Amino acid sequence: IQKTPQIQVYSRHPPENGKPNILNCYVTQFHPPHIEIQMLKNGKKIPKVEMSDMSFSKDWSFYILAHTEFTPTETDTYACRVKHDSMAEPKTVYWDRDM
Amino acid sequence: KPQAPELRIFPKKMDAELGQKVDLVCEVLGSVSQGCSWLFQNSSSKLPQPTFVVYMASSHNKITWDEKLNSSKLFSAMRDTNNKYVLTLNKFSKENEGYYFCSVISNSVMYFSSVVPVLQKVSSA
Amino acid sequence: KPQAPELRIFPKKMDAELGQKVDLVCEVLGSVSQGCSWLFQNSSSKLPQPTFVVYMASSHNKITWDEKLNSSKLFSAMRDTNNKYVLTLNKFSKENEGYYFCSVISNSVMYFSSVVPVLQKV
Amino acid sequence: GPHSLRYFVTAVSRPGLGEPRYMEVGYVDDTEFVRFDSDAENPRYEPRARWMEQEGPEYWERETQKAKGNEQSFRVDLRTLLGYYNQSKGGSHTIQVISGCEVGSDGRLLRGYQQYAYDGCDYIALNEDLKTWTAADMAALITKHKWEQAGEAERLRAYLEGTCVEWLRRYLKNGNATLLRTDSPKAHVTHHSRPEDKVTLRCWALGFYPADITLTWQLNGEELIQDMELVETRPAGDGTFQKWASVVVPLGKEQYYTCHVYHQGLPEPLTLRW
Amino acid sequence: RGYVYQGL
Ligand SMILES: *[C@@H]1O[C@H](CO)[C@@H](O)[C@H](O)[C@H]1NC(C)=O
Ligand SMILES: *[C@H]1O[C@H](CO)[C@@H](O)[C@H](O)[C@H]1NC(C)=O
Numbered sequence: 001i002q003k004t005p006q007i008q009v010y011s012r013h014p015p016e017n018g019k020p021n022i023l024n025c026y027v028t029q030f031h032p033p034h035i036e037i038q039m040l041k042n043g044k045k046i047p048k049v050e051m052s053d054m055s056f057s058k059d060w061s062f063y064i065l066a067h068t069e070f071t072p073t074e075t076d077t078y079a080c081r082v083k084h085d086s087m088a089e090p091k092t093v094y095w096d097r098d099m
Numbered sequence: 001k002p003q004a005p006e007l008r009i010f011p012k013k014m015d016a017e018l019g020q021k022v023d024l025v026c027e028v029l030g031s032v033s034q035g036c037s038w039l040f041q042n043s044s045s046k047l048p049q050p051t052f053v054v055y056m057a058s059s060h061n062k063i064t065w066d067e068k069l070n071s072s073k074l075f076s077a078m079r080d081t082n083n084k085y086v087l088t089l090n091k092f093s094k095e096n097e098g099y100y101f102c103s104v105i106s107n108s109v110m111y112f113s114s115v116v117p118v119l120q121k122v123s124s125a
Numbered sequence: 001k002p003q004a005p006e007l008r009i010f011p012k013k014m015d016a017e018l019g020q021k022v023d024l025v026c027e028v029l030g031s032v033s034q035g036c037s038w039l040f041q042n043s044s045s046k047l048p049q050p051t052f053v054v055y056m057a058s059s060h061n062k063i064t065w066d067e068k069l070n071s072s073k074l075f076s077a078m079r080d081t082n083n084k085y086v087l088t089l090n091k092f093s094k095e096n097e098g099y100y101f102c103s104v105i106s107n108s109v110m111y112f113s114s115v116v117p118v119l120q121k122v
Numbered sequence: 001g002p003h004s005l006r007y008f009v010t011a012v013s014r015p016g017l018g019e020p021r022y023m024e025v026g027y028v029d030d031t032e033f034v035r036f037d038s039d040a041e042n043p044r045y046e047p048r049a050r051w052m053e054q055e056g057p058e059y060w061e062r063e064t065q066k067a068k069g070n071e072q073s074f075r076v077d078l079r080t081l082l083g084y085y086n087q088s089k090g091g092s093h094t095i096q097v098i099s100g101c102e103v104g105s106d107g108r109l110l111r112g113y114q115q116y117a118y119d120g121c122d123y124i125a126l127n128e129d130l131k132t133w134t135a136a137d138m139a140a141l142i143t144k145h146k147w148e149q150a151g152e153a154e155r156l157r158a159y160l161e162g163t164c165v166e167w168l169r170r171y172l173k174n175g176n177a178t179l180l181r182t183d184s185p186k187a188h189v190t191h192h193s194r195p196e197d198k199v200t201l202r203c204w205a206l207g208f209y210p211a212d213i214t215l216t217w218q219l220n221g222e223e224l225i226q227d228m229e230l231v232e233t234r235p236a237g238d239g240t241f242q243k244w245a246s247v248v249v250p251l252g253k254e255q256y257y258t259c260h261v262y263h264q265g266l267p268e269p270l271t272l273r274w
Numbered sequence: 001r002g003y004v005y006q007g008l
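Protein chains in written order, with the numbering used here: chain X, 1 to 99; chain Y, 1 to 125; chain R, 1 to 122; chain G, 1 to 274; chain W, 1 to 8.
One chain only, chain X, in its complex shape:
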């Protein structure tokens, strides 16, 4: 009945420091639907973070995309702090250029 979330922190368009882009945070394979998705820049949470509406799959598991505008730097850190009941501790996944 329970399923553990699957996260991916990536950008819409190819990464390029200095150029404005969009950072996605695709969470999938989680049940129940109760999920908390935060997007942080250098530790601090980001303000305008739009979140796609929720929708599950034939395997009954849910998924949802969350993005927010950002401008890549070679020294700026980006991560997605996701909170979910099947997770003993709120997993914080970091953005990896090559992923």
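A portion of the hints provided could be inaccurate.
Away from chain G, derived, C-beta distances all over 10 Å, residues of chain R [said to hold, decoys possible]:
(1) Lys68
(2) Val86
(3) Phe92
(4) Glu95
(5) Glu97
Simulated crosslink set (BS3-like; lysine-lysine; CA at most 27 Å straight-line) [claimed, not checked]:
(6) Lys62(Y) to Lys186(G)
(7) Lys62(R) to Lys46(R)
(8) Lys1(Y) to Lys91(X)
Some chain Y residues close to chain X (C-beta under 7 Å, calculated; not the full set) [said to hold, decoys possible]:
(9) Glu6
(10) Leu29
(11) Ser93
(12) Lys94
It is worth saying that the hints were derived from the structure and are not from the lab. Don't be surprised by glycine CBs; every beta carbon is placed ideally from N, CA and C.
Got chain X; can you put chains Y, R, G and W with the ligands on it based on the hints?
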């Protein structure tokens, strides 16, 4: 603890008259693994020795089978819509009786479907 | 049946009881470009139900264990000198009483070894 | 080609933080064209595809009513299920359900279905015979009977064979073209140094539609199914989709491998190499 | 189109 495909077979059980076209479909859920392989565990055996039947790509219509005790005449398989891999048996003979089940490989880990009985229909009538 | 890919399994039967280390070596003879996989079936397995155990890449040194057996491993693995793959069980607790066999895929063809029942005699 | 209309509904209860949420989303060829979230500012049915905005106010009123009507009846179902399973009142539970029909390339009905799922696990479903039910446990057995001794399979079958295929055409008429659209993948491989003289090559594939795609690495004509490592096809966020499949290779001997990209939007599969 | 669900 990443992704894990989901194999669904249909039907879960079956049996028939010596001589019928048995078609078994395998539905793979997930984009974490392409293609599909159909396995078989011969009914006649004490030790669970799986036997590779066939492999099908999720893209190309190219199928890779096994040239062993050339059974090319009783085995036939195609690929349908939504990750649907069909495996039909040409004439359910005695050499076909056994347990069938599909497998797939995602990020090096092998996943297996619940086995599906394909024995002779209660041998009655 | 030359250059044709095929695996050898040793030991071929183990009636060994609770307590023993057990090294199951797989000799892959042929041209397998992929790695070696270890599979078996025990308890909650009344029908032929194989469950992936470990995968050993041939090429580089990367090993992928079961999606769960990952924590509190009761199994061990390592690549032995020349075409060898050894799946060694730590303690023969009931948690691993079944039939084992390694598998190799060559050109999209699953090639299995021979099912070895490292069971008991009681 | 084949087409299919389906509806994914969700009625999740959650005591302690508001009433139960009810969402109703529909799909045409696996593409969301309609929705309804009880949590919305103005809870009502809304189009998800441009080609859906043609339908007038009369259409959206009928659907909103249906959702408003179902949303209520599903709230009881959550309570009804509390008793069938005898669970307390505090632990959120959730009931989901997928129901629709599949139409063959010829226009005929390939199959009609309906699957219920309580707390992620299967509950009850309409058989392929479109006349019988298949309960998963004893709780379903009650519903099964309740529906049998009521004439449910006939009414559901009537909708699966009537409403479903009929309106399937409707939407499909002004939405097929846009659904058949294709954006070829923008591929390329990446180089990554690794310990012990190896090297990992990542076959990228971005901005493609539809999401279906297959990337496979090969060596001397052999697909490296097990030596491979790919990711779940993730949405780029602009209608397009991304994905990548890598494989570890020995340094220097890096140009002996190639991943073949197979995608609907390609007349011929691509062959990338580092 | 949208279906009217039955009680469990
Ligand atoms: C054992 O299996 C082989 C391979 O599938 C098949 O050809 C043969 O008919 C089976 N024999 C018996 C006695 O079940
Ligand atoms: C058999 O071993 C499997 C795999 O190691 C283990 O998960 C399971 O608990 C075992 N079952 C019994 C009844 O010993």
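Status of each hint after checking the structure:
no. : hint                  : verdict
1   : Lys68                 : holds (18 Å)
2   : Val86                 : holds (19 Å)
3   : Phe92                 : holds (28 Å)
4   : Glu95                 : holds (26 Å)
5   : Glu97                 : holds (27 Å)
6   : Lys62(Y) to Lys186(G) : holds (25 Å)
7   : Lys62(R) to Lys46(R)  : violated (33 Å)
8   : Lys1(Y) to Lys91(X)   : holds (12 Å)
9   : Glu6                  : holds (5 Å)
10  : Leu29                 : holds (5 Å)
11  : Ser93                 : violated (35 Å)
12  : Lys94                 : violated (37 Å)
The structure is inconsistent with the numbered hints 7, 11 and 12, although it conforms to all the rest.
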